[PDB]
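We begin with a single chain expressed as structure tokens, specifically the form solved without its partner chain.
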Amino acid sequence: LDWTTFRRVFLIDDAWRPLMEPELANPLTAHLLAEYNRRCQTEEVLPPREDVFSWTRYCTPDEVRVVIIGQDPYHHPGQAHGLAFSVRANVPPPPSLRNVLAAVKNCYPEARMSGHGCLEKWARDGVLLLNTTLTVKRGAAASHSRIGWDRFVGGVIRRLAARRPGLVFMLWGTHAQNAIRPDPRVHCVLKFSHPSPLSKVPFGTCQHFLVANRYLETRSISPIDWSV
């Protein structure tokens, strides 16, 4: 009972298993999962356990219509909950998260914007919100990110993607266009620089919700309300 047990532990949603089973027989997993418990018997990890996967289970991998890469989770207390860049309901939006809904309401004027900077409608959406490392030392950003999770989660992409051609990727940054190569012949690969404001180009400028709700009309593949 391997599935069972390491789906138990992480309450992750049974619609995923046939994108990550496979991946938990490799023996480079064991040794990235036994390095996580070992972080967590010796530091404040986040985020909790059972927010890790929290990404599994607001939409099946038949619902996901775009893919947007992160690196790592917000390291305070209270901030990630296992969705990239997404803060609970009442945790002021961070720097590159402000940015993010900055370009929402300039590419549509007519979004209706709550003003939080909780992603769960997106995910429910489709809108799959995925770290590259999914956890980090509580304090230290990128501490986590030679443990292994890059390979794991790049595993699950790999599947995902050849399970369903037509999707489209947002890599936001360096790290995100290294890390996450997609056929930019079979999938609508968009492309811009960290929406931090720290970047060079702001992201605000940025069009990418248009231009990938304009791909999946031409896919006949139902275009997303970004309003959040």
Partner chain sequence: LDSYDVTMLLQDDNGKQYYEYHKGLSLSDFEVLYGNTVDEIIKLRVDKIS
Contents of the next structure:
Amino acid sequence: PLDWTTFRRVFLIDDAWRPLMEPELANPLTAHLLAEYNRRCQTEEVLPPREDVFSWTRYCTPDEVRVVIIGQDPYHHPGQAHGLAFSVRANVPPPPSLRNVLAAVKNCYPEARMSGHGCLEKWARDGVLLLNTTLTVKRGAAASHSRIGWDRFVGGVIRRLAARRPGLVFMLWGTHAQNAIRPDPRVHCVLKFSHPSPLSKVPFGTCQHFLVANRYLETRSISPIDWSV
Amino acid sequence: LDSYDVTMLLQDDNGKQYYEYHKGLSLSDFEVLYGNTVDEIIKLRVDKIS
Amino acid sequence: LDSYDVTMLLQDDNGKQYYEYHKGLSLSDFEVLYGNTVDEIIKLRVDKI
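Alongside the form solved without its partner chain that was just displayed, please also present the structure of the form solved in complex with its partner chain.
So here's everything in the complex, that chain up top.
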């Protein structure tokens, strides 16, 4: 029933993501997930807008992915979310967790030129896949669309991405990312830390994932990520 | 394994106050929600439900 | 500077509950307070004063 050509046109999905996403259209859950998303869109204010839901497929191809950073659901206020985990639109002052991510980058790289902005498109074009497990949210309600099927769909995309070849870097921040995404640590470079939230047990500014990931890439003869943003 | 309800009374840049209700979250989810909060907190309620 | 009244209902390892009260905290104070809490959180109340 669900046709790839229609699905990618409706959601503005880059066709380079086809081998990784098209098999999800044979999962009967996908039809229920799409009908529930279509129905929520008519009865409530759904974020991010439709053209942004899959912006994460548009910055780089599956073969250009080097690092996977897992998020939960999008920011729930208008103008914040744009389809990438943690990232905010350019005119938006970075919310507290994102400020802590940016401070950890600057502590890792004192010579990095930081803009003070929170738009992470530069990282995304460089193979930093900033992926939320839940792709939509009702305005003003965190995790409101967390049980309609997005995590199963996205879970499928990540599994096929991870299976393509060994050597991905995974940065898993907080309990939720660590419980949901469990890659084989002998196949991929699996990096774990507490969440960047100011409420975490340890200050996120002390996180060295950015340096550890770059030392890993060098051992595989891959050029490092420039973390400046 | 604990689940929580979260209620916030926030104030926007125009001085308008509004409620937000977040239901059945884990304590880790509450911590993520807090780190995404930008408007001024007037009231915050966090209650274990299970 | 916004100051807050912070109330917590906590549960110790023996399953005994107890209240802790904090008056005049900033949001940064609350964050350090929350981060350092080891007992199980039953209730949290943060109110601008």
